Amino acid sequence: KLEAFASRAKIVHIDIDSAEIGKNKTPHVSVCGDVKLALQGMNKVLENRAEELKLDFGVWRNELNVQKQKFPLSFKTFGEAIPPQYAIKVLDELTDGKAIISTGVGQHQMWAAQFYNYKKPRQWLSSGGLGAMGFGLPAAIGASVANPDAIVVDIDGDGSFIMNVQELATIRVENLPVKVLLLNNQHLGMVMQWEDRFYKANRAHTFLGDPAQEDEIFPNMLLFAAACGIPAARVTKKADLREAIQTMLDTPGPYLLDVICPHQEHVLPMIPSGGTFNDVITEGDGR
Amino acid sequence: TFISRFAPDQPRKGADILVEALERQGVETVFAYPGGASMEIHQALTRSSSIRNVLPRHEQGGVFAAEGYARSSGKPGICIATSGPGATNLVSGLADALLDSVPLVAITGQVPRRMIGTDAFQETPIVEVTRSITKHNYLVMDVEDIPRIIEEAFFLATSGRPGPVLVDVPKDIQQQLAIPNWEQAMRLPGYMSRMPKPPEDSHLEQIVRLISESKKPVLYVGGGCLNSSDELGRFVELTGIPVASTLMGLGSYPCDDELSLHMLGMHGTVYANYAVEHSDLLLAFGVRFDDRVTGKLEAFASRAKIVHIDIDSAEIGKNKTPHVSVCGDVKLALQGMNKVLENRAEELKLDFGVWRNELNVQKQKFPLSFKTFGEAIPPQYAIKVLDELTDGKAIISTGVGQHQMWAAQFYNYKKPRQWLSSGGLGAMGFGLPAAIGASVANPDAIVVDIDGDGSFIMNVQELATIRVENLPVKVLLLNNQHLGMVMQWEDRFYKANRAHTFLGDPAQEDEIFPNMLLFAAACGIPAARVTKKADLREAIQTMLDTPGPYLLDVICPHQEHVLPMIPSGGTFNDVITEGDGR
Amino acid sequence: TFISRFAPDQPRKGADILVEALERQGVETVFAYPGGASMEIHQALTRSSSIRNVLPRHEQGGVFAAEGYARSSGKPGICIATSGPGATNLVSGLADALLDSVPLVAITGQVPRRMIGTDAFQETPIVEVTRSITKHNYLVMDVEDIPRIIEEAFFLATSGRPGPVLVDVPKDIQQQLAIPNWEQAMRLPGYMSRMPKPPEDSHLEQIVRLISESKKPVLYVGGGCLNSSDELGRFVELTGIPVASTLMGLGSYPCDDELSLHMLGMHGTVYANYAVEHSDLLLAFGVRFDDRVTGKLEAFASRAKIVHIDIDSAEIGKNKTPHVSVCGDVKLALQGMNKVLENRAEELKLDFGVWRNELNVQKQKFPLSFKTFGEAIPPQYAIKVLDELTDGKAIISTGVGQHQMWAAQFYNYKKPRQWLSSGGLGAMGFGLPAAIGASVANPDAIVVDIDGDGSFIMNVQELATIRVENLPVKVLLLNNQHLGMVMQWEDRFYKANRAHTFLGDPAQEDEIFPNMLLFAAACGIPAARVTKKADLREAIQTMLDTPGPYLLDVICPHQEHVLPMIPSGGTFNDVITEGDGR
Ligand SMILES: Cc1cc2nc3c(=O)[nH]c(=O)nc-3n(C[C@H](O)[C@H](O)[C@H](O)COP(=O)(O)OP(=O)(O)OC[C@H]3O[C@@H](n4cnc5c(N)ncnc54)[C@H](O)[C@@H]3O)c2cc1C
Ligand SMILES: Cc1cc2nc3c(=O)[nH]c(=O)nc-3n(C[C@H](O)[C@H](O)[C@H](O)COP(=O)(O)OP(=O)(O)OC[C@H]3O[C@@H](n4cnc5c(N)ncnc54)[C@H](O)[C@@H]3O)c2cc1C
Ligand SMILES: Cc1ncc(C[n+]2c([C@@](C)(O)OO)sc(CCOP(=O)(O)OP(=O)(O)O)c2C)c(N)n1
Ligand SMILES: Cc1ncc(C[n+]2c([C@@](C)(O)OO)sc(CCOP(=O)(O)OP(=O)(O)O)c2C)c(N)n1
Ligand SMILES: Cc1ncc(C[n+]2c([C@@](C)(O)OO)sc(CCOP(=O)(O)OP(=O)(O)O)c2C)c(N)n1
Ligand SMILES: COc1cc(OC)nc(NC(=O)NS(=O)(=O)N(C)S(C)(=O)=O)n1
Ligand SMILES: COc1cc(OC)nc(NC(=O)NS(=O)(=O)N(C)S(C)(=O)=O)n1
Ligand SMILES: [Mg+2]
Ligand SMILES: [Mg+2]
Ligand SMILES: [Mg+2]
Ligand SMILES: [Mg+2]
Ligand SMILES: [Mg+2]
Ligand SMILES: [Mg+2]
Ligand SMILES: [Mg+2]
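Chains as they are written, first to last, in PDB author numbering: chain A, 381 to 667; chain A', 86 to 667; chain A'', 86 to 667. A prime marks a further copy of an entry chain.
It should be emphasised that the hints constitute simulated quantities derived from the structure, not laboratory data. Treat the hints with caution; some may be incorrect.
Here chain A' is said to cover these stretches of chain A''; the calculated rule only asks that three of the stretch's residues, wherever they fall, bring their Cβ under 8 Å from a Cβ of chain A' [unchecked claim]:
#1 97-109
#2 170-179
#3 597-608
Computed list of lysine-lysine pairs in DSSO-like fashion (alpha-carbon distance at most 27 Å, straight line) [as the list claims (entries may be wrong)]:
#4 A/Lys618 - A/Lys456
#5 A/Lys405 - A'/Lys403
#6 A/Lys381 - A'/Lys282
#7 A/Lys617 - A/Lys469
#8 A''/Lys424 - A''/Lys381
#9 A'/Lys403 - A/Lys499
#10 A'/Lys403 - A'/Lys220
#11 A'/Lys403 - A/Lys416
#12 A'/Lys390 - A/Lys405
#13 A'/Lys405 - A/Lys424
#14 A'/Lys282 - A/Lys405
#15 A/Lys381 - A/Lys403
#16 A/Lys390 - A'/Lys434
#17 A''/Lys390 - A''/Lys403
#18 A'/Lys424 - A/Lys405
#19 A'/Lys478 - A/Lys424
#20 A''/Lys403 - A''/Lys424
#21 A'/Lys434 - A/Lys403
#22 A'/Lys390 - A/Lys416
#23 A/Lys390 - A'/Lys405
#24 A'/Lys403 - A/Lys434
#25 A/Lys405 - A'/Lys300
#26 A/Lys403 - A'/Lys405
#27 A'/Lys403 - A/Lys403
#28 A'/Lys390 - A/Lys403
#29 A'/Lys403 - A/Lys390
#30 A/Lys390 - A'/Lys220
#31 A/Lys617 - A'/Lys405
#32 A/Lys403 - A'/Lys282
#33 A/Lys416 - A/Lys403
#34 A/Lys405 - A'/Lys220
#35 A'/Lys405 - A/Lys416
#36 A/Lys381 - A/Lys405
#37 A/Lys390 - A'/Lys282
The beta-carbon is built from N, C-alpha and C at its ideal position, and this holds for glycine as well.
Model the full structure from these sequences, guided by the hints.
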């Protein structure tokens, strides 16, 4: 809700597109130009007038650090089931946060944004404006070609991954070290989450497996990688997760890791469409 | 409580629904020219006892009359035309109303729906033609959409930034019988969600904050203040900031006032452009930063903190990026700032008398000046006499050219909506029909068309409309026998090489051609010509005192130039202050 | 071998390249009205010794003059206007030239390229506006494209189905110095591959085959035959098929001939519509099956094998599906059919005298008739006198309305391009400017504008153009003090309820208003009014014999109706043959 967004703030908007300034939220001060130059100019002013300004926001920072400790990013671990949030956090640890991450679109896309600490820009490749499924696998191809000596990992969902699964042939032929961290929940997870919250968990074509063999992982993504000569492996128990991801990273060339996850997980926190901060959802799942 | 001429259960023609849709909007006057496609609408107009039609002699005159009706009253102007050649004759008026943000609703007849696209008799895709020169347009495809579309058309034409809205109505829809539903909801969800909110106090506080911190503030007032004359005057009493006005905002703040810098821009006063050049705070209220005002954008207000208030978000930062911006109604922004400036009056201690005297020095050293040659009539002097004899309380419409600038320079408009002139498009032939619409909307008003001999002749046929409708339209025709504005640019930038700018007869080179008095005689309008400056005061007085229409042919030396002048894309240091074509 | 005014290595302004591009196309006359955006072009025109400019008083007059120039000569008509209000005033002429397939090239000035889209001074997207009412248009974005675009513009405007082409030229391109390349290849690959080929013998054999097998053939001739008068006449000698013509094809086959069925359609003769109704072979040469000719399409030529020859493939089978079709030049198709009909002459033994006498019976029982009331002047009789006194060899331009139909009915045009009338769009105010362009293209010709009092006044300002350019334009003004055509439809279908069709002054109801003689007096044009039928013959003779311009105000009783009349969408059995508004 635009009226409630930054309702108490003087808004300074710097943007290189004049059509975006005052488009949805009218600012007080505006600068139409390169934010890179605007920062360089402001840094020189803040450096000369340093002792004159005596800037200190430690009181405001601690007001936020209180909210940071009382409402942190949290995930629940059920038995030996793999939490998708935990899997991404392990990938962060084992890659030292220096990997190029491309994602599909859905729940896995949010968890890749939440539980990975990107240290430099252009490590995070994700469809945000259009939100196009099937983006993750091909985008990793282009990232690996532009950065041959880089760790490229596609954190994809089972729905997004299959849409452009044909590009596994491209990865093998071009011999690209593309890693596929496939978070498999056998569902169109994001749509499933909205069904649980706002449609009484009434499933409307969000299950991606085979209803005949309801408890069988379908499709068998390992055989997609096998068809294109790509080493593959599946991990289901949380204890085996750390070694499985390490094997994916250490194995030269392409690799696909089918990470089975409980589908009842929800991306948290969540503000419903057109809501305010006081409408934030901080707890709950589909169980 | 509206009283219909039909029972709530009685089916009626779509044309009769269209007319009643106008009655429910408060429409009292339309400018309709009949044709095969709109005959049903014209029949339905005769059945209306509240809507009066002014039949023009050219649809371009009909739409220009609808503009004058709108500009001189604030009500929307309604013009109606038939399909094909009728609709295409409205094009200049639609584009003109869009560039000047004039509320206007144009209704065009159209071929029956089954014939659209078949190159039928008198068919043009008027919606496709006018999409880029209208605020919005419609093609009615069912008779039940007439109440909704007419309501949406008037709402879009008058709300927000006003503009023209065209409604194309096929003939079969005009004939189809139906029962209208007047309670339908308008289907404008995105436009109504984009409507600016009333301004927030936080934005208004920072503007008043910047006023107290400034030393050389200038008000940059334009056509957006035509409904804020009281709020703007109150704002000036509380701040004492000099007011520079655009050609569209003339009258928002009185030109005869001590704090008035008059017009700024290409032909604005030297002191008004000087104030903006060496200002530190530019209050741009209801303007659009046109090239005629700014010139070289980098040099325009190069030392000023720019505050831009505008109801169209697309205009904020479009050509000149401001520091503080407010997207909303300048009328409300002034009301909010007046309350702050009144409570915090003694706290702020606003006084810009030092900056005002720096401008009053430029006002006395570079004032608006004209030279008088022998007994020849100076056009500037003629307009100043009209100002004196009308007490500055006349409605002035103009054509486009040199006479248009002198009417803006040498007339002191006291209230807005006295100045009707084509500024954005600059369409010749606007003056005479616009005076028709102004006189109809203000029957007890002095309406004078300060026209040029080139502009006047373009829609001279509307003299018949003035006589038939018995409108007290005065025509102060400044006759220089030339396309004066183009002639001036020839003298300055093309070594006075005439390229089809003389309007007289080269055979009888010293004869006034055409004889405009006989144009007025053909339409039974009293006319007179004055050539000697001594006879000018009595001639204009005769025009005003003679009841009904009157045309005064004022002969002027053609070598006059509009001064001052800043060339296209120039700066303040490029201002031309002297010279003519002699 | 063309002789330039500049060295092959000498850079010149883009405007000077534009003018030379016109010289290399054979342009001798343009109709240009100056403005800020096109000032460079007007300066470059004065440097040309071969291109003469006729300055109009309204750009709508400029484009209508360019039409008359084109329609009366077969050359393309060139009109030039400035940006914004200048360009928008051409709109009615562009749409009019498109619907009537008139070769026309319009050049409009435009704001500098850097300012396009910024709502600059006098800017309208004229290319976006006129895309649907022009055959093609351009926006020149570089000075080096001027030779190519001007060549493509004239090629598209004149080849195939002719039409208007607009070229938008920004001001900075007019000022940019360059060296033109006159040898550039036109980039019209798809259009030139779609150009129809010369007709094949197999198609022509089957047409002549169907002629011998037919017993009631009718020629359906239209504006596509304006360049095939000789070939069409030869075709008629070899077949003896009666010729029914559209309003656009009048003159292709002589109206005074024994085999001429005159005009067909809504206001066509009873015998011409009868021939098409009971025909077995309809030779549709150069027509487009307009609703004015067909009415209810199912009933139009319901018993006829339809042969449609047309150079536009989009018109074949568009409204009426033919049996045999030929897509190409009707001039070539006639030449090919004439050779077959001449060799196989005695083999075919063509004789339709039995069908011709069936039509000559309808010709004698239902001829074009007018009633004479007292000494009042019948408009039909006035036009027939003009035919007699000019020997039928005059160039006739008309407005739109009742007078337009009577000029088509009661004048026997002997050659094509004598009849200049707005048929597709039907734009009032066409007659007077079109006569200007016709007189300029044919200085030694009798040019008469048969105008109506409503149409004449719309572009009455062009009377100044006629005087200044000293053009022998005669104005036969049929004055009925009404919008006659709309008045006729009111009497027939709206119980004579007048809805804004009276053009005089209701105060002085019996006074001729306006006094058109004073319009001509204002522009120094000899004028006279005639009211009694006895004085009519001498009055028209005085108009013709008086050198230079002349206006003859012919007063007519307004209750006259154009007869016969087929209502909109009717059949032949719905023809109205008698009645008026008394
Ligand atoms: C020959 C000629 C010479 C000219 N020379 C000059 C000249 O020297 N000087 C000059 O000033 N003009 C000149 N012009 C006129 C000109 O080109 C422009 O029309 C004018 O400069 C711009 O007017 P404006 O800035 O007031 O904007 P407008 O066209 O009047 O539009 C109003 C602006 O305010 C906003 N607005 C409207 N309503 C509201 C509201 N209720 N609240 C808040 N905002 C609102 C609109 O969004 C728009 O941006 C000339 C014209 C001609 C034909
Ligand atoms: C008030 C009024 C009343 C009217 N009433 C009538 C009426 O009763 N009767 C009437 O006929 N009109 C009437 N019209 C005129 C009208 O609406 C149309 O313009 C006319 O009917 C159609 O003309 P057309 O068939 O010759 O086609 P045009 O508009 O002349 O086009 C020519 C056709 O031939 C083709 N062509 C062009 N050149 C060639 C070539 N070299 N070779 C082969 N083909 C070519 C073109 O592709 C096009 O299809 C009236 C107009 C008005 C204003
Ligand atoms: C081409 C395309 N088609 C459909 C889409 C509509 N959406 C989504 C959304 C957010 O855009 O909803 O608007 S997300 C989504 C399902 C995500 O399946 P997953 O890959 O398994 O990821 P997860 O980890 O399980 O959640 C769909 C169907 C889409 N974006 N792209
Ligand atoms: C429909 C139309 N066509 C051409 C125009 C281009 N202009 C002008 C301009 C400023 O728009 O130049 O760009 S002004 C002008 C000539 C003015 O003739 P006047 O009426 O006699 O007035 P004056 O007192 O003598 O100067 C022309 C030809 C125009 N605007 N409208
Ligand atoms: C720019 C324009 N505006 C309106 C038009 C709609 N029409 C007509 C029509 C056939 O197009 O009806 O559809 S004819 C007509 C009136 C004719 O007035 P007159 O000149 O006096 O001729 P007359 O000898 O008296 O009959 C009008 C109003 C038109 N065509 N052009
Ligand atoms: C009043 O003068 C005339 C003249 C005239 O032709 C001579 N025809 C008509 N009427 C129609 O044409 N009706 S229609 O066929 O439904 N149309 C295509 S339309 C929408 O009206 O253009 N009126
Ligand atoms: C001759 O009369 C006038 C009047 C006038 O204003 C008063 N301005 C100009 N000249 C320009 O405007 N040049 S320009 O700035 O490049 N244009 C935007 S344009 C293409 O010409 O419209 N001529
Ligand atoms: Mg854990
Ligand atoms: Mg999934
Ligand atoms: Mg004096
Ligand atoms: Mg006119
Ligand atoms: Mg003039
Ligand atoms: Mg007789
Ligand atoms: Mg008439």
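Results for each hint:
1. Check result for the segment 97-109 of chain A'' against chain A': violated, 0 residues qualifying (beta carbon to beta carbon below 8 Å, three or more required).
2. With a threshold of 8 Å between beta carbons, the proposed coverage of the segment 170-179 of chain A'' by chain A' holds, since 5 of its residues qualify and at least three are required.
3. Requiring three or more residues with a Cβ within less than 8 Å of a Cβ of chain A', the coverage given for the segment 597-608 of chain A'' holds, as 10 such residues are present.
4. As the CA atoms of A/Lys618 and A/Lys456 are separated by approximately 13 Å, the hinted pair is consistent with the 27 Å bound.
5. As the CA atoms of A/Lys405 and A'/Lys403 are separated by approximately 16 Å, the hinted pair is consistent with the 27 Å bound.
6. Distance hint between A/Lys381 and A'/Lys282 is fulfilled; the C-alpha atoms sit about 14 Å from each other, no more than 27 Å.
7. Pair hint A/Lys617 plus A/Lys469 holds up; C-alpha atoms about 16 Å apart against a cutoff of 27 Å.
8. The suggested pairing of A''/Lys424 with A''/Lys381 is violated, with an alpha-carbon distance near 36 Å, which exceeds 27 Å.
9. Note on A'/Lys403 and A/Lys499: the hinted pairing is violated, with a Cα-Cα distance of about 37 Å set against a maximum of 27 Å.
10. In summary, the hint linking A'/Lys403 to A'/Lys220 is supported, as the alpha carbons are separated by about 18 Å, within the 27 Å threshold.
11. For the hint linking A'/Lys403 to A/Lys416, the alpha-carbon distance of about 22 Å falls within 27 Å, and the restraint holds.
12. Distance restraint check for A'/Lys390 and A/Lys405: the Cα-Cα separation of roughly 21 Å lies within the 27 Å cut-off, and the hinted pair is therefore satisfied.
13. Between A'/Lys405 and A/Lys424 the alpha-carbon distance is near 25 Å, which keeps this suggested pair within the 27 Å criterion.
14. Restraint check for A'/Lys282 and A/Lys405: satisfied, since their Cα atoms lie roughly 11 Å apart, inside the 27 Å limit.
15. Taking the CA atoms of A/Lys381 and A/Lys403, the gap is near 14 Å; set against the 27 Å cutoff, the hint holds.
16. Restraint check for A/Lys390 and A'/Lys434: satisfied, since their Cα atoms lie roughly 26 Å apart, inside the 27 Å limit.
17. For the given pair, A''/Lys390 sits about 16 Å from A''/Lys403 by alpha-carbon distance, which is consistent with the 27 Å threshold.
18. Simply put, A'/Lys424 and A/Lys405 have alpha-carbon atoms about 25 Å apart, close enough for the 27 Å limit, and the pair holds.
19. A threshold of 27 Å between alpha carbons decides the hint, and for A'/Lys478 with A/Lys424 the separation of about 57 Å lies outside it, so the pair is violated.
20. A distance of roughly 30 Å separates the Cα atoms of A''/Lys403 and A''/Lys424; the hinted pair therefore is violated under the 27 Å criterion.
21. Restraint check for A'/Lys434 and A/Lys403: the C-alpha separation of about 36 Å exceeds 27 Å, so the hint is violated.
22. Note on A'/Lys390 and A/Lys416: the hinted pairing holds, with a Cα-Cα distance of about 23 Å set against a maximum of 27 Å.
23. Proximity of A/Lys390 to A'/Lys405 is assessed by CA-CA distance (about 21 Å); at most 27 Å being required, the pair is judged to hold.
24. At most 27 Å may separate the alpha-carbon atoms for a hinted pair to count; A'/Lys403 and A/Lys434 exceed this at roughly 36 Å.
25. Our distance criterion of 27 Å between C-alpha atoms is broken by A/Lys405 and A'/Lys300, whose separation comes to about 31 Å.
26. Distance restraint check for A/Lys403 and A'/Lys405: the Cα-Cα separation of roughly 16 Å lies within the 27 Å cut-off, and the hinted pair is therefore satisfied.
27. Between the alpha carbons of A'/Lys403 and A/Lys403 the distance comes to roughly 12 Å, so the proposed pair stays at or under 27 Å and holds.
28. Taken as a hint, the A'/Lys390 and A/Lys403 pair is honoured in the structure, with Cα atoms around 22 Å apart against an allowance of 27 Å.
29. Using a Cα cut-off of 27 Å, the hinted pair A'/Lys403 and A/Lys390 holds, with the two alpha carbons roughly 22 Å apart.
30. Between A/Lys390 and A'/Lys220 the alpha-carbon distance is near 33 Å, which puts this suggested pair outside the 27 Å criterion.
31. Distance hint between A/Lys617 and A'/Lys405 is unfulfilled; the C-alpha atoms sit about 62 Å from each other, more than 27 Å.
32. Under the criterion of a C-alpha separation no larger than 27 Å, the hint pairing A/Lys403 with A'/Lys282 is consistent with the structure, at around 14 Å.
33. Under the criterion of a C-alpha separation no larger than 27 Å, the hint pairing A/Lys416 with A/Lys403 is consistent with the structure, at around 22 Å.
34. A threshold of 27 Å between alpha carbons decides the hint, and for A/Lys405 with A'/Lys220 the separation of about 24 Å falls inside it, so the pair holds.
35. For the proposed pair A'/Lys405 and A/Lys416, the alpha carbon gap of about 21 Å is at most 27 Å, so the pair holds.
36. Note on A/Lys381 and A/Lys405: the hinted pairing holds, with a Cα-Cα distance of about 11 Å set against a maximum of 27 Å.
37. Of the supplied pair hints, the one linking A/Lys390 and A'/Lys282 holds, its CA atoms being roughly 17 Å apart against a limit of 27 Å.
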